[PDB]
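Q: Start from the sequences and build out the full structure, keeping to the hints where you can.
Number of protein chains: 2
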Amino acid sequence: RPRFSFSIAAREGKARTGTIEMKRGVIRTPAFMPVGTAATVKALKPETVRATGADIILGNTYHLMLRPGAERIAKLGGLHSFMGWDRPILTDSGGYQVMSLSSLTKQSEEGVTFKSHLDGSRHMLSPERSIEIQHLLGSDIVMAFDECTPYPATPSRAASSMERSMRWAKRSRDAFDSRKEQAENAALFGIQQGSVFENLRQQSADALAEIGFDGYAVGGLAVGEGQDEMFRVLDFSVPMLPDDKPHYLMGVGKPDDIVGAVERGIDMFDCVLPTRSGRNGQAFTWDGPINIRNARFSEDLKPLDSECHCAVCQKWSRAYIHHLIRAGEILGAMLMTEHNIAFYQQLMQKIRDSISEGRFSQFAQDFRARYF
Amino acid sequence: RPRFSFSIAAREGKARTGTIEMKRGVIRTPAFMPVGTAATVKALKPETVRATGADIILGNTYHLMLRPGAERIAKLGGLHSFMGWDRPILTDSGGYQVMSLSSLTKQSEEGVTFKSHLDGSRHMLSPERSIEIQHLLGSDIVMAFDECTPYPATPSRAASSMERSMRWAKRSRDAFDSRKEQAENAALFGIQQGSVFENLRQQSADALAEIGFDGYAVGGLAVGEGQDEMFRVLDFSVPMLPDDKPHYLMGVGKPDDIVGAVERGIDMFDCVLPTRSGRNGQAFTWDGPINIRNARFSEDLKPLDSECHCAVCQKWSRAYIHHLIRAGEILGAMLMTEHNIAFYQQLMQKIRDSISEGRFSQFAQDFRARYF
Ligand SMILES: CCCCc1nc2c(=O)[nH][nH]c(=O)c2[nH]1
Ligand SMILES: CCCCc1nc2c(=O)[nH][nH]c(=O)c2[nH]1
Ligand SMILES: [Zn+2]
Ligand SMILES: [Zn+2]
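Protein chains in written order, with this note's numbering: chain Y, 429 to 800; chain P, 429 to 800.
To be clear, the hints were calculated from the coordinates, so they are not data collected in a lab. Warning: the hint list may mix true and false statements.
Same chains, same label: a pair holds when it works inside one copy or across any pair of copies.
[As the list claims (entries may be wrong)] Within a straight-line C-alpha distance of at most 20 angstroms, the following computed SDA-like cross-link-like pairs (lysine to any residue) qualify:
hint : residue 1 : residue 2
1    : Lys730    : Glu556
2    : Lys503    : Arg724
3    : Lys451    : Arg595
4    : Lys503    : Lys730
5    : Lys598    : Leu546
6    : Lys778    : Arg429
7    : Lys743    : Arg478
8    : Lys682    : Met552
9    : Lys730    : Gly506
10   : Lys743    : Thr476
11   : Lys503    : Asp728
A: Structure, rendered in structure tokens:
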């Protein structure tokens, strides 16, 4: 296959369905990417992740550069080899988490300095170092290093951050291109910022398109602005991005959000909601999510979801999983996570199928009526 | 298959190898039984447990009667259906754990009263109620309800407890036989007591043989007396039990203990050591156990064990598992537990093969030289 080739096979309104071809495999879009926090998709073997239907997973750079170490993983043969996943892997830049989990972060035009929330040790992450770390990990889709603008944000603050991210985007681009092996085997995604402001989003989009990237992400929307607000921003933001390249909405994962996002032109998604919902007891069903810990499920012999075709719904009951979660057993988290990720992949498949068949709008309507 | 049929195919010294045929399947002996504490073999799907080579697992009655409830599991279709394991299941009587984990236990000739270490609720466990609970769970091999004698124990105290357990054994036997469906589809094992005293062990054995059971367990030896002492007791205790029936050493699982126990006539084993060793970081190898958390394994690309043929040793390195455990990831516990249980099953296979080939004594010598 080629280094990177995105092809749109069908459309309906702003929705698109197609594929991204990469050296390690093909990614069907719209796509949902399970998240591997510390080089592991929580409670699942890589084969199980693939069995759910996932074509690609997301690796968190921040965590990896700390816990095991970028240099160490490279010496061990790279992330794919390390964790046993041989398909594409998209890694975030680490910038976001550094501004969330890290402590005593010092930001400048050069990058960000911070103390690990583990060893308390210091680190200086920059566009150049972020790109290098993602290379060391052997990432297939590299995210440009940026600064996620806090919500709410004033027009001036949002402008400054956006302008800086755009400057950092250029640096990421040049850093990526100078590394021959990386530039030739991996792809680079730029990230649009600008908060909820249209003019800022347009400037960011022009600058990003000006730089030129393999894909474009809509950043800064996984900040708690509400679905209505998020949708509003997506309405005018996605059209600004180049149409012939993937559109990746970072950190958005609720099912209804995904459907609405695809209706607005998004091709890629990622979220820990599915995995975290494995331990908290939240299981996704076509009739809406349920909390398996609820007493009403203690003797429910039915599977998590009546239609889901995942291995969990074929073999175990709600009653058993209810028991497992309340008892704090690891198997509970394993079964809940496999189901939820399988559910998500089934959702993406139904979206891809309905787009290819020109009945996505109807699917969305049907989905919402039942889900809510 | 029959309700229960134990056949010895080969011998060497006191060691035996053969099979136990039961309705739900055949059990190869000597056998190692993975433990399912709360209706789950820690961090493993039933299929994975079977994939390691296990022919039977052990279910803990104490825990089950509390967390999910005996009556509830029966209404849900039984333990096999509940957890998804369709092969034989041996359940302990619950008496032991009640004297270990429980609180405010009141003991009498009728049974034992206690408060759950969970809800603090009270319960009265007796030979009759224990047998009933194991029936409700759908246990294939039922353990007689007894009183595990504390170590150290004076001759008089050990005698009284043993004599009482023998009285309880008769009650278990009658309770089991009165329940037609149970008596016809499940087996009942009596448990020998008597602490470290030969005459007490002999009395217990005669009484147990007098009652008549499908198998005989050597109880009271998983109390911290030391391998030397345990071996000493096994030397004169096992020969006391009927030769044509299985000999089950309860709670003994260290590899060297298993080998030495088989050399002394034991056919069945069980232990949480393998599972608990999954989280603590202890991995069994033919060169002795190792603690995967040790820094020397951070960049070790080799599998947990150079010879092990389990799925974990084929796919992941010590370096990766080292990372997983120190990072506290669920996958770490999953991989460590699959390997350790697979290692145990490989041990049992090597024991069965060496017995059938009349070279077990040599195998034991070779095993120890390398293991230690
Ligand atoms: C918990 C939600 C994470 C979503 C996210 N947004 C962003 C963004 O806007 N810029 N860069 C990033 O790595 C990033 N990650
Ligand atoms: C943690 C070790 C458990 C071993 C055990 N011994 C015994 C025994 O001697 N009698 N009855 C039992 O259930 C039992 N379980
Ligand atoms: Zn399912
Ligand atoms: Zn192994």
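Q: Does each hint hold? Answer for all of them.
A: Now the hints, each set against the structure:
no.: 1; hint: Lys730 with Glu556; result: neither (52 angstroms within a copy, 33 angstroms between copies)
no.: 2; hint: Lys503 with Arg724; result: between (51 angstroms within a copy, 15 angstroms between copies)
no.: 3; hint: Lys451 with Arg595; result: neither (29 angstroms within a copy, 72 angstroms between copies)
no.: 4; hint: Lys503 with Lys730; result: between (47 angstroms within a copy, 14 angstroms between copies)
no.: 5; hint: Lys598 with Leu546; result: neither (31 angstroms within a copy, 58 angstroms between copies)
no.: 6; hint: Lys778 with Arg429; result: neither (26 angstroms within a copy, 47 angstroms between copies)
no.: 7; hint: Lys743 with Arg478; result: both (19 angstroms within a copy, 15 angstroms between copies)
no.: 8; hint: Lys682 with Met552; result: neither (33 angstroms within a copy, 48 angstroms between copies)
no.: 9; hint: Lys730 with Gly506; result: between (42 angstroms within a copy, 15 angstroms between copies)
no.: 10; hint: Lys743 with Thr476; result: both (15 angstroms within a copy, 14 angstroms between copies)
no.: 11; hint: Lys503 with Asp728; result: between (49 angstroms within a copy, 11 angstroms between copies)
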